[PDB]
Each structure stands twice: as structure tokens, then as C-alpha cells.
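Asker: The residues making up each chain are set out below.
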Amino acid sequence: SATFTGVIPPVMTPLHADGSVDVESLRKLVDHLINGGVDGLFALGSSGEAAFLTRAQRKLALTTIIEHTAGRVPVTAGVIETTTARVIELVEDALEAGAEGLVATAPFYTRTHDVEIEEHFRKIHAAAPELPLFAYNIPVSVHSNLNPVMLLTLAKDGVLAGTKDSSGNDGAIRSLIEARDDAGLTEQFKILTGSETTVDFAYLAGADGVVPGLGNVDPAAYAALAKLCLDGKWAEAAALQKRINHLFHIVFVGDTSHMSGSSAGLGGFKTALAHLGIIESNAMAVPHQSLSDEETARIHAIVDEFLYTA
Amino acid sequence: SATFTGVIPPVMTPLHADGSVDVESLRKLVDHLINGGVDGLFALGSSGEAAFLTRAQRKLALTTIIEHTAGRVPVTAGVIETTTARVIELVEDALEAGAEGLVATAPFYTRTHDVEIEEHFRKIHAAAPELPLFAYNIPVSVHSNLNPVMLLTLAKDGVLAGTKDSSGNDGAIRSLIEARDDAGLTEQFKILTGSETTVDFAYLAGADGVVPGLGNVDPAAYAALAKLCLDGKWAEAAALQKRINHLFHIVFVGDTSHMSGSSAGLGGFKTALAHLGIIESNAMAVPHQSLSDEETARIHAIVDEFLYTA
Amino acid sequence: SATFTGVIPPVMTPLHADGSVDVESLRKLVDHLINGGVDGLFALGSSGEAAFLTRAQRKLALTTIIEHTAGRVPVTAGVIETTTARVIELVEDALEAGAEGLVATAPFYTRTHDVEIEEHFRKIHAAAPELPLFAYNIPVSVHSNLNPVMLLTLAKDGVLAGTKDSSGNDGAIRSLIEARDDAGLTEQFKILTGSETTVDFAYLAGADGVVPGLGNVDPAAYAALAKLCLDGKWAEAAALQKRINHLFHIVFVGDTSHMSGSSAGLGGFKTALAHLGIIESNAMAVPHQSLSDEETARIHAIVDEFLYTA
Amino acid sequence: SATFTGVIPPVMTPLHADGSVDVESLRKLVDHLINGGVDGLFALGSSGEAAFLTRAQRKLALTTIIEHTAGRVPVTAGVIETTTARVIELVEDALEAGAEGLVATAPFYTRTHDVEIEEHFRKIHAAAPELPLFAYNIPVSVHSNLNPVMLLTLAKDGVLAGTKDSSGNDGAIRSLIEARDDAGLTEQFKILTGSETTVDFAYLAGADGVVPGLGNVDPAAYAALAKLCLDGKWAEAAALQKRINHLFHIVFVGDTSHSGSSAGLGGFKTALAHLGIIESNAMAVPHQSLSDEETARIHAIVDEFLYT
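Residue numbers (the authors' numbering), protein chains in the order written: chain A, 3 to 312; chain B, 3 to 312; chain C, 3 to 312; chain D, 3 to 260, 262 to 311.
There may be inaccurate statements among the hints.
Listed next, the stretches of chain B that the computed footprint assigns to chain C, with coverage defined by at least 3 CB atoms under 8 Å from CB atoms of chain C [to be verified]:
1. 163 to 172
2. 176 to 184
3. 190 to 200
4. 210 to 223
5. 273 to 279
Result set (DSSO-like, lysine-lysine): computed pairs, CA atoms no more than 27 Å apart in a straight line [to be verified]:
6. A/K125 x B/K61
7. A/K244 x D/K244
8. A/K244 x D/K229
9. C/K244 x B/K235
10. C/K158 x B/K244
By construction, these hints were calculated from the structure, which means they are not laboratory data. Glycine included, every Cβ here is placed at the ideal spot set by N, Cα and C.
In isolation and in its complexed conformation, chain A is listed as follows:
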């Protein structure tokens, strides 16, 4: 059974202009990440535009990633959907594709409750009991916060193998790590931060890895950062993290007075990837807004200056 620790980017989905999955570019991106030093891949996560792809498109992207990865690193599959029956359909797809782990959120659109969230995860686990199931804490998208007491209960019960926490709340992540360790659940329950700019903080508190969207652009930077942290080189880690945080400025280029943070952020990532020659274009799924030729030039300049070298 695969173990999901270390640097595990949420793989993006390159697209053609007509919105279909750009399989050739997706293969190039997978190679970019693996040869960049990542420890695993998270397919069909938020930054993979999972919420934008149809079920059929998700299946194609997942299969493309798993087949091209060819066992080099483990691949975990997102099963993001509103409620349990719909998530379990995606679990079946994931098993069919040979996924080595699952990533699920709380229910959304519907009102929910900690009791119902817990049942949700238990029933997802039961659909694929041999796969490590990670709980994806992402309040900006699902509008629930995953109760840390519930998570540790499910860890103890063997229902959850870990969590990917994208709440942006490092104090809360730290508290969860401390609670986990005090409960003696350190080895059983992996804690991955979704942070792109406070990865050194997470490792200093004893987190097990990172799922950074920006890791699509600069996988080598995050690999190098994790290595510094694991070697206890905290000052050096902080200096590298600061440079990564200046690369991160690509997500702030797009004018959010007329587009969402997804358009600006994921668009900035894809723009960088196209500039680096990894994918064919920065095409986005509907209804994402395009970046202007001026915005893309600014993104290029940032990439040129702050992409990691060593």
C-alpha cells in the first residue's frame, strides 16, 4: 500500500482551445513533475480543474497520468463531488484506473453537519478499503471546516490515512499535528499542507509533506525546500521559501476586478508552464477568464527571475 508523504503536487490539466484534455501536454507535465523530483502525484485535485472537468474527462486525465507515470511515483486520485453516492461513483472510476490513493472532501452544496461528514468518509472508505483515503480540508470551496477531533477518530479507526489541509491556517494545522502526536497517531495519519508559501513552517511543526499548486511550475524548488527542512536547515529553508514566494507572485498578475482567483491563479500557473515549454497553451476550462498578452508578459518576467536554480 502506497504512502503519500513528501512533495505531491496537484497535477494540472492542460487543455486544447476547444476545452478537451490535452493528453500530449499532460504527459509532458507528468514528466516535468517526476523529473523535477516530486514524491507523488495528486490527480484530479482542485488545481487540476476537477470541478471543471466532466466525469469522462476526469477519467481520461487520471488514466493518462497513471499510465504515463508508469510506477515512478505513487498517484492518488481526487473524488470531488457533492455527496456520498456521487463520490463513490468516482471511487469506482479511480479503482478502475489503478489509483493508489483517494482524496475526498466533506459534502458540499447541501447543508451538512459533523455527524454527516463522518458518515460520508466512513462510507467512502468502505467502497475502497485497501486504498489510503485522505481528507481534503478546503473551506474556501466546500464551506465546512473538517473537525480535527473527527479526523483523529477516523484515523484511529483506520478510515483515514491522512489529510491535505488547504485552510491556510497554519496555527490550526500545527494544533492538529500536536493533537495527532499526543494521541500516538503520528505514523498512521499523514498531514500534508496545501500551502505554497508556508511550507517551511509546516515542516518545522512536523508535517509530513506538501501539496502545492505552484509545485506544477517549479517542482524542483519544492523538492529542494523539503530536503532542506528534513535536514534541519531551517535558515536556508526560509531563504528558499522566500524566493518561492516571489515566484508565487504569478498568481496575482491577473486582474481580479474582472476574473476569479481561479482564473488568475491557475491561469498564472498554466501561463508559466507554457512559457517553460511544458504544455502547449494556457487554455482554461469554461467559465475561466483569459489572461491578457500584457499579463502573460508580466508572468514570464517573474518566472524568468525567480524560477529555482541549483
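Assemble the complex: chain A is given as a structure, and chains B, C and D must be docked to it using the hints.
Answerer: Relative to the frame of chain A, chains B, C and D by itself:
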């Protein structure tokens, strides 16, 4: 070309204990509503547990409703999904089933923006330009508020035929009606309230109809209320609305210390329907919680006292 | 003791350019309101810029209002402050000035809880047990919602004489009225809406009165509206409310891309009052932003068109 | 002019049973903090129950603190109030008492706007231009977030001397520090975290200090933590922060089913009474009291995790 005004309940989905669609009970429910005097049916809305049903189950419920209705009243179809491509798949299902209208929300899960919401509705309309498209304002579930200026812009362009507003903000609904009328868009853009307890207010302000979940339980009450409002009998309407609001107490019976508002509310509705002999049981989709015997007895008592009598 | 029902505007505070209270204009405003047919005055409410006035300035405004009113209508006094001891200081001021009622909010700035909100109101009441104490529900400013069950508990105990509800949620106001009536607390606990645009709705549901900011500008319109409602002329009431709602557009003139809603809204009211010759100028307390000549011209045109004629 | 960096706790206000300021306990607390190694004191902040104290009580508490401090460390004064004119009254009080700095928030209760927030701070500055003015970012209480571009504009203009950030968002604080340094405003604009449990993170990112409520209870722990961070001993710092974070469990003892202020500040005062620094854990109205069982639990946490 079908016109969606008047009392248009969001039809529930009766279920078997194994979670499958209870087709026989769904047919009985359809007759209950139509014989109760409603003016149309909204299939695959929030109260139909659309977020809980798989795409295949949605297709079964929609087809069951349309075929049993047999043209007695028009049927509009929810196409609720996270983003545009996924919504358009459901539009395709709706056309295949012979739906006579469409109901869509803003994008959700993903971050969004008014610019992206507008593009979303335009693209949905383009997928079925001959069907009336209604915008469904439901901030509690999608966590965007539909910009009323954008809605009227889309109405003027023929993209939107109306809106179903479940925001619970009657001042905002009133302001939108006023702006519509001042823009000369009164006939082009129907405004339906999703309110169950302030339907008289909406009609007094010139709304075109109502989409009340409780209308599943007591369609005759809402038909009677609409008629009083249409006849300008506002005092009589307020007295009936007050009685309806005491029937509505069935949604507050379930103890929300261990269940969601959906479990308590929709569970309350289904418990009432089962008590009235319209559907086989109050089975809910996973991960809804069950109501206790004490809770169902309280629901029965409320139904007995406050169900409509002329 | 005085009874606070009917039309009770939150009296504004006219200012000199240096920010001091314009006593002469405040007297003219009091006459404008009373001769406009109002049933009471609410001094030192939100629309009175209570949050902007020093304790000394509040005392001056309050005393000016009470003395010029000369017993023509009852005056209730805001005691808006963060927590209980600070509120009780203002209760002492109100007693000194001869106020005939008190209006208090939940605690704010500090984190709070329903248990603490309840204690807060009990302690305020204990400082002036012979004055009617109204609870001011204004979540946009205090970021708590007053629990309706708590409110009725305090009503039964004789702690609260009523509530002024500015939540903008007419469904919730209606539910509270229904709960009050079902508990047999109709006479004991007055329910006043802070709505400016859905006053007819509130009266239809059996509210006792209205505290409308726009009532400063057009007291006669709200007096006329209340009378129509009390006479059961609901269609005529709705028509008049619609005209009032177009007068209300004065609050939307100010460019909120460079001011607050308070600058645009209260500024709009003061601009209208200056236009009507009631107050010297539209001077606002720091840090409100000023309205442009273009904006004031637009406000003047709206006032000319939609002001009520008795 | 005073420099507000390092460990600067928001001094609590001990009370008598009737809610009046307990000046003898307040003096003992001030000594507790100063002898515990803090670098400054923040009087009349949120943890000082400033929102609960009347203007007259704030004056008494501030005077008591400044006089007992007797120049040993600098004292900055909170001037927390809804809007500008009311804040400036408090600025006048602060000058009268001899405060050496000011801490202000955005306007609250009233709706506001970045334009009005900026005018607010400029006018507060003009009322006492020789005092360092720190902007207090505390969205949980004022329900505005201070715009970091605005803060740096004000820093460049000499209106703001710094910020105390209690948003709990370490990524956002880090971004502000980076933006400050990139704009060449490092020396002019001090950035202090209000975090109690991620102080080492803040120092790793180059923050100038910390304003921790729990620092009332264990000033020596935070003084030791800051020293480790300044010495670049990050592994040792993280280990000490972890211990501090277990002491912090005292704020989670109170049953919040019947506020966080009651549980949290009540937890602190319970610890201070247990340590003999203040007379009792009396809280301002309408705070709820902690039960015997709850105070016993707080005592046990203090006994185990207090820094030695």
C-alpha cells in the same frame, strides 16, 4: 415557450431503503401536487435531493416526473452542477427527457466572479436556446449572490427567462422586481420566490410565483394562498400564510445537534408525506440522518393540526 | 411609562463643518419629524451617527431632542456601546436627560455568546428598571444575531419591552412575531422593523411599528403608510411603499468605490434634508467622505420627484 | 522616541469582585511581566479587557501601569473605539498619562471603507505625531481586514510605525513582511504578531516581535523563545513553542457551550491567580465564570507546562 409562473413546487425524490428512486411513490407525489392545484413542477431542485442523486438517478426521476405529468402542467429541470461543461451535460439529459425549462445556479466549489457567472449563464443558454432558463439564487448552497444588474442584463438579452430566488431576502427580491419593472422587463423575466413563509409578501410586491419546498406536503395550501394573492385579498392571504407557517414547524423538529438542516427539513417533509400516505417512506439519501420515533410523532401531530382545510 | 409603537425615526444629528452638533438644525429636524406625524423619536441610533459622536456630543444631541420635543411625542435613547458597564454609563446619561426609553444592542468588538448577551440585557435593565428597554438587532454592525428564544425569555421576565429589528430578514421578523403571539406576549413585547423598504410587509405580519432612517427625510410618507396599513388598505400601502422605495434611491447615489455605505446613505439623507431646508448642511462626522456636487444634484432630483405630498 | 519590538504582552486588567480595577494586583502583574523579561508593555489591548473598561477605568489602568513600570520598559496604549473622534479622546488621555506609543484599529460598528480607514489613521496620527502609531489588525473584533498596501503607504508617509497583527493568518503576515522589505520599509515599519502558538514561524519570516496574550501567564517562556529565535536556534525554538502550545490549552478548558473571551481570558486570569500574581480571576460583565472543575483543570495544565 412554456411559461413558468404561479405555484411550482420543487418536487421531492421518494426513495427506497436502499437509496434507489421509488418510482411508484414519485408518481403518486406528482399526482398529489397536480391534483393539489399547482401550476408547474420543478424537477431536480435542491429539495428533490438533486445534490444527492447520481446523474443516472436524476435522469430516472426527471423522466418519471415528465411522463407521469403527461402534459398537465409544465416541467422545468434543474441542471445543478459545479461548472459550465458539467451543467451542459445535464442540459443534454434534460432535452432528451423532454424538459420544458431549465434551472441553473452560479458555478460553485470553484471560486468565481460576476464576470464568470455571466459567461456561465450565457453558455448554458446557448446549449438549449429554445428553453426558458431560470437563474436559481441560493447563496446558502453556492455561496455567491446573483447580481441583480447582471440578471436584468441577461433578461434583456434573452438569455434568462426568470429567476428563482431562495436567498430569504425579501427586500432584495422586492428591489429586483422594482428594477425589472422600471426597465420594462416585466413580461420577459419572471421572478419566483423560494420562500415558504413570506409568499404573500412576494406577491404583494408583484412576484410571479413561488417555488416552496413545503408545497410538496401541502400543495392545496399554496394554491389557495396564491389565489387569494391574485385576487388582492391581502388580509386573507396573511391569515392563511400564518397557518402555513405553523405547518412549516415540521422542519424544526429534527434535533440539529446531530443532523444537518437538510436531514431535519427534507426529512420532515418526507415524514409528512409518508404520514399522509403519498409516499412509501421517509427514506433519505446518504449521508442524511434518520429522524427518531419521538421526532416523527411530533411531525405527525403538527401535520394533523395545520394541514390546509378550506 | 411611554409606549413605543408606530413610526419612530432614528433622528439624525446635523453637524457644523467643524464636526460639532448643529443644535439649531437639530431642533428644526425634530419639528420636521413631529409635524410630519411621527409617533415617537429614537435618539442616538445608528442613523444618528451615535458611533461617531463622543459621549459629550451624544448627551448634547439627546438633551436638545428631548427639550425641543417638549413632550409632544415620547423619546427613546440609544445606549450603544461595546459592553455592559459602558452601556450603563450611557443609561445614567439617558436618565439624567429624561429619556423615556432605552435601546441597546448585544455586546460587540468582544467575542460573545447567547448566555452573555442575555446577562448583558438583564444588567442594563437593572440599571433603569422603570424604562422600557428595546433590544436593537443590527447584525451588520454588531455581528451577533439576537436569539429570538432569548428575546422572548427576556420579554416574559419583563426585562425587554420590545425589539427594533434591522436585520433585513423579514422571514425572521415574521417568525418572531408569530412566536411572540403564540407565547401570549403580544402586548408585552413590541416588535418594530428597521426596514425602510418593506414596512408594509412588517405591518401585514402584525408588527407594531417602524424605525426607518429615510423617515428623517419623509416622515409624512411613513406616517401615511402606517395609517394605510392600520386601516387594512394593503394595495394602497404597497403602492405608497413602492414610491418610498424610489425616494430611497438617494442612498445609492454616492460612489461606494471610494466611500462607505454610511457615507453614501447617511450622506444622502442629510443632502436631502439640506435641500428641503430642514438642516444647514450635509456635513458628516469623520471619517465619512463627502458627496460631490454631481452626486448632490442627483439626490436633489430624486427628492423632487418622489417626496410624498400630504 | 520609543521602539516597540520584541516581546510585548497585552497586559491584563485584574479586577475586584465589583468589576473595579484592582490596582494592587495590576502592579504585581506589571512586575511579573517586566521581571519575566519582556521588552515592552501593551496597555489597554483586547486581552486587557479594553472593550469592557470604561474610559475612567482605562485611564486608571494606564496610569497604574505606566507609573509602576517606572521607565523599565516602554509602554504603548490602546486607543480602541468605534470611530475617529472617540479614538482621539483616548489619544488625549494617553498623552496625559505619558504613554510612549499608540495602538489603534480600523473603525468598527459603522460600515467603513479602505478610504475611510486610511483617513482614520492619518487623523489619529495628527493628534499625536510624536508617538509611534501601530495599526491593530484584528478582524475577529472589528470585521475589517487592514489592507497591506494601505499600511505600507501609511508607513512610507510616516503615519504608521508598525502593525500588531492578530488575524491568525501567518501566510498573510509573511506576505506583509516580504512586501515591507521589498519596499525598503524594514526599519520604519515594525511587524508584530499577535499569535501565541506560531511565534517561531513569525520570527523565522523576520517579524520584529510578538504580542501574546498567554505572555501574561508565562512571560519568561516567550522571552526565552524570542532569544532562541534571535540566536537562529530554530529547532530548539520549535521545541519550546510546542511546550508553550500545551500551556495554551488553558484557554480551551472553559465550556464554550455556555464566549471565547470568557474561556480564554478567564483561563489566563485563573492561571495568574493560581501563580499568586493577582487576587482573583474576576472578569468584567458579561463574562461567565469558570467552574471549580474547570479551574482545577487549568491549574493542572499550568503546573505541568509552565516554563522553568
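Asker: At least three residues with a C-beta closer than 8 Å to a C-beta of chain C: is that true for the region 163 to 172 of chain B?
Answerer: Three-residue rule met by the region 163 to 172 of chain B, so holds; n is 3.
Asker: Are three or more residues of the region 176 to 184 of chain B within 8 Å, CB to CB, of chain C?
Answerer: holds (count 3)
Asker: Tell me if the straight-line CA distance from A/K125 to B/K61 falls inside 27 Å.
Answerer: Judged against 27 Å, a Cα distance of about 24 Å means the pair holds.
Asker: State whether the coverage of the region 273 to 279 of chain B by chain C holds or is violated, taking the criterion as 3 or more residues with Cβ-Cβ distances under 8 Å.
Answerer: Three-residue rule not met by the region 273 to 279 of chain B, so violated; n is 0.
Asker: Take the C-alpha atoms of C/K244 and B/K235, compute the straight-line distance between them, and say whether it is at most 27 Å.
Answerer: holds, 19 Å
Asker: Given the hint that C/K158 pairs with B/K244, test it: the Cα-Cα distance must not exceed 27 Å.
Answerer: Satisfied, since the Cα-Cα distance of roughly 23 Å is no more than 27 Å.
Asker: Are three or more residues of the region 210 to 223 of chain B within 8 Å, CB to CB, of chain C?
Answerer: With 0 residues close enough to chain C, the hint is violated.
Asker: Taking 27 Å as the top limit, are the C-alpha atoms of A/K244 and D/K229 close enough?
Answerer: Holds: A/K244 and D/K229 sit about 23 Å apart, inside 27 Å.
Asker: Against chain C, does the region 190 to 200 of chain B show at least 3 residues with beta-carbon separation below 8 Å?
Answerer: holds (count 3)
Asker: Please work out if A/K244 and D/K244 have their alpha carbons no farther apart than 27 Å.
Answerer: holds, 24 Å
The earlier numbered hints that this structure contradicts are 4, 5.
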